[PDB]
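Submitted below is the structure of interest, expressed as structure tokens.
And then chain A:
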Amino acid sequence: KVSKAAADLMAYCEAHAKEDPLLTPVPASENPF
Partner candidate 1 sequence: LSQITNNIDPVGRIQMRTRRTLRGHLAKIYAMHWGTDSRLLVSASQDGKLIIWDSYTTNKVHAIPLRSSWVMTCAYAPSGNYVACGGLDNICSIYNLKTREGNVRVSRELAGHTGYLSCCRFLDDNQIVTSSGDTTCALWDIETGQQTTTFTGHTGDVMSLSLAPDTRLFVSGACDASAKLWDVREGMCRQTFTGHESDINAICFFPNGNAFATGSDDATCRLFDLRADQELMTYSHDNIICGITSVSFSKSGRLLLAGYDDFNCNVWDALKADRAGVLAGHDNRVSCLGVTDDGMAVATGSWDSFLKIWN
Partner candidate 2 sequence: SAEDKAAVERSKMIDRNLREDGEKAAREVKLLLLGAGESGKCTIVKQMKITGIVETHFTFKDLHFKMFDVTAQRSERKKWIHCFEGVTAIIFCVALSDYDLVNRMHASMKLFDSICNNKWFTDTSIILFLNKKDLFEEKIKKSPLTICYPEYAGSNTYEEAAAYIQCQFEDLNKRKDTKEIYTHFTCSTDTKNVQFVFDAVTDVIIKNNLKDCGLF
Partner candidate 3 sequence: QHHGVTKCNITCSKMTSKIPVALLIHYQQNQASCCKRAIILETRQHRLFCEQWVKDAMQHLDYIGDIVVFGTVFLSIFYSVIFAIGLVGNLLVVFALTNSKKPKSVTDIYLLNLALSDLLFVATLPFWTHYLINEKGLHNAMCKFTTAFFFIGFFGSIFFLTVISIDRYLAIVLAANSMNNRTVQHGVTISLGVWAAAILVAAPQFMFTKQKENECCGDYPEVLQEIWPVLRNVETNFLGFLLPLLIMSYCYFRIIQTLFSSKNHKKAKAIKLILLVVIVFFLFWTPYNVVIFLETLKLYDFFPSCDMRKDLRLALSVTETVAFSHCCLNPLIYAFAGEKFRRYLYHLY
């Protein structure tokens, strides 16, 4: 279903959102910058 696929995609996006350096600011020392 289109709605089910969209919900699954949103769930996947939010699950790894915290693990995406681009999405949220990260310390300069932590990343190679």
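We take it that a residue touches a chain if its C-beta (ideal position, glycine included) is under 8 Å from a C-beta of that chain, and two chains touch if they have at least 3 such contacts; residues count from 1.
Criterion applied: all candidates are chains of the complex that A comes from, given by their letters.
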Checklist entry - Only one of 1, 2 or 3 touches chain A in this complex; which? => result 1
Checklist entry - Which residues of chain A touch candidate 1 in the complex? => result 1-10, 12-13, 15-17, 19-23, 31-33
